[PDB]
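The chain below stands alone and is given as structure tokens, in the form deposited without the named molecule.
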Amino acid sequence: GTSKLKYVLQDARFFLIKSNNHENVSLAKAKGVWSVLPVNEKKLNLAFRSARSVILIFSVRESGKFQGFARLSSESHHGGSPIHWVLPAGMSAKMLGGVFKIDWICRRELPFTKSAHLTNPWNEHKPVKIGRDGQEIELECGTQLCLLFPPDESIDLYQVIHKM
């Protein structure tokens, strides 16, 4: 059903999260972690304290799709088990800073063609697929976007609800 999903999304905040490659999303799906640059680390730490759920909606650059969405379960933290992210250009592992723990809510993909009717008020009402990494998605748009994804029968939201 969709009822526990709607409960998790109630009064949530939503952020568009870009990945340079599929490998980093695979790592994030296996290990339950994500790292962002400092400008977005501050935004997400602020958001994590501010709302009962912070939802990251993932899209691999140039893929034409979202690859799923996850809920922050922690603020960022340094010094844990290192994650072998595929860094681009000439960026170092230090630039990615802290690691957020995340609980996946949906690991299924959604093509951009299916969210063409959703516009994001916080990005000039452009289609919700459009946004820089870290762009916040307004509540109603983000909720409807998440509800478009195929149900992910492998995930039991019971344990997510207990962390709220």
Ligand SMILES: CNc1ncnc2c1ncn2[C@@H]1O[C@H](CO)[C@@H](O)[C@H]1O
Contents of the next structure:
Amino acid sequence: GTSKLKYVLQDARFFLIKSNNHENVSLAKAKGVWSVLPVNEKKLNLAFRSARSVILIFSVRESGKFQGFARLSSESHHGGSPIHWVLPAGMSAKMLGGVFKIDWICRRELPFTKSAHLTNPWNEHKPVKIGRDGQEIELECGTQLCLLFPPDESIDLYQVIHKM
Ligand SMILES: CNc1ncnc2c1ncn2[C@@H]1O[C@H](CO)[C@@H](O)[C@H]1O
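Now that the form deposited without the named molecule has been shown, please provide the structure of the form solved in complex with the named molecule.
Complete assembly follows, chain above in first position.
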């Protein structure tokens, strides 16, 4: 059912995350970590204190799809073992050195075709698939977008529910 997911998403903030490459999303899905640029890292740490849950919704550039969504379980961390990210054009192993711990809620894909009815009021009521990396998605739009994803049998929400 959706009671568990709705509980997780009650009073959540939502952010569109754009990856240039599939490799880092595969790494992140397995390991439960993500890193962003400094501009977005500040917003995510502010949000992590502001919010009961902070949800990252992933889309690989040019894929036409979202690849899943995850909940921050930590503020950005520096100083851990390096994550061997596939670094894009001219980015440093310290340009995204801040590491967020994340718990995946859904690792299954959602094609942009299934979310075409949803617009983000905080991006001029454009369809939610449209957005800059780190674009914040308004509460109800983000909630409905997350509810569109198919159930993921690899995920157990018990840990997340306990972390809250
Ligand atoms: C793990 N962290 C990341 N992995 C892959 N692409 C990223 C990324 N963080 C930011 N990007 C993207 O790479 C570009 C930064 O130069 C932007 O277009 C972002 O959308």
